[PDB]
Amino acid sequence: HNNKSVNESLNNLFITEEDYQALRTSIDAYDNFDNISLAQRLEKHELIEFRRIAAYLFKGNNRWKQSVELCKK
Amino acid sequence: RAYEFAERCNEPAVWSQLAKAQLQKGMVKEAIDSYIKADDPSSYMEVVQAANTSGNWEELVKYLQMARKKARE
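From first to last, the protein sequence lines are chains C and L.
Just so you know, PDB author numbering puts the end of the first sequence at 1530, numbered straight through with nothing missing.
Just so you know, PDB author numbering puts the end of the second sequence at 1166, numbered straight through with nothing missing.
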């Protein structure tokens, strides 16, 4: 049903469980959530998949010339 | 939130509303970026009137150069 609170809770659970496949499914099927805060939280998870998903969300928010400089590190 | 919502979508009306909001808030420096992505030559009189309140004659030049190719005044 694309509920904002449900999406945020599922994203937080996936962050806690260190899952990135269900996170990919959620971000590809639904978009009713704050992508900026989620990306800022994923980029500090010390994992490569989490920062890649953060850059994917940043590029999906049409934040060009920003996600590339972020992943350049 | 308005900047992120404008980055998500793509419409000159949203950038024009953002420019009007920045002019109401006195942000002359940020008002030029709201017209570069919109290419709206209208309301130039208010932009010029607000430019005198704060010296920002580095971005208004490009705004006027782009408006020249839209309204030969």
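Derived from the structure by calculation, the hints contain no laboratory data.
Honestly, I wouldn't trust all of these hints.
[What the hints assert, rightly or not] As a list, the in silico BS3-like pairs of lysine-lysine whose alpha-carbon atoms are at most 30 angstroms apart: (1) C:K1461 <-> L:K1155; (2) L:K1130 <-> C:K1530; (3) C:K1461 <-> C:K1516; (4) C:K1501 <-> C:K1522; (5) C:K1461 <-> L:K1163; (6) C:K1529 <-> L:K1118; (7) L:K1130 <-> C:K1522; (8) L:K1155 <-> L:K1118; (9) C:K1529 <-> L:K1122; (10) C:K1501 <-> L:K1163; (11) C:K1501 <-> C:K1529; (12) L:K1130 <-> L:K1155; (13) C:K1522 <-> L:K1162; (14) C:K1516 <-> C:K1529; (15) L:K1122 <-> L:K1162; (16) L:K1163 <-> C:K1529; (17) C:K1516 <-> L:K1130; (18) L:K1113 <-> L:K1162; (19) C:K1516 <-> L:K1155; (20) L:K1155 <-> C:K1522; (21) L:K1113 <-> L:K1155; (22) L:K1122 <-> C:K1516.
Consistency of the hints with the structure:
no.	hint	in the structure
1	C:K1461 <-> L:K1155	violated, 41 angstroms
2	L:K1130 <-> C:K1530	holds, 28 angstroms
3	C:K1461 <-> C:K1516	holds, 20 angstroms
4	C:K1501 <-> C:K1522	holds, 20 angstroms
5	C:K1461 <-> L:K1163	violated, 42 angstroms
6	C:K1529 <-> L:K1118	violated, 35 angstroms
7	L:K1130 <-> C:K1522	holds, 15 angstroms
8	L:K1155 <-> L:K1118	holds, 22 angstroms
9	C:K1529 <-> L:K1122	holds, 29 angstroms
10	C:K1501 <-> L:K1163	violated, 45 angstroms
11	C:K1501 <-> C:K1529	holds, 15 angstroms
12	L:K1130 <-> L:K1155	holds, 12 angstroms
13	C:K1522 <-> L:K1162	holds, 27 angstroms
14	C:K1516 <-> C:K1529	holds, 14 angstroms
15	L:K1122 <-> L:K1162	holds, 22 angstroms
16	L:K1163 <-> C:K1529	violated, 38 angstroms
17	C:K1516 <-> L:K1130	holds, 18 angstroms
18	L:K1113 <-> L:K1162	holds, 22 angstroms
19	C:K1516 <-> L:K1155	holds, 27 angstroms
20	L:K1155 <-> C:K1522	holds, 21 angstroms
21	L:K1113 <-> L:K1155	holds, 18 angstroms
22	L:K1122 <-> C:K1516	holds, 25 angstroms
Checked against the numbered hints listed earlier, the structure breaks hints 1, 5, 6, 10, 16; every other hint is satisfied.
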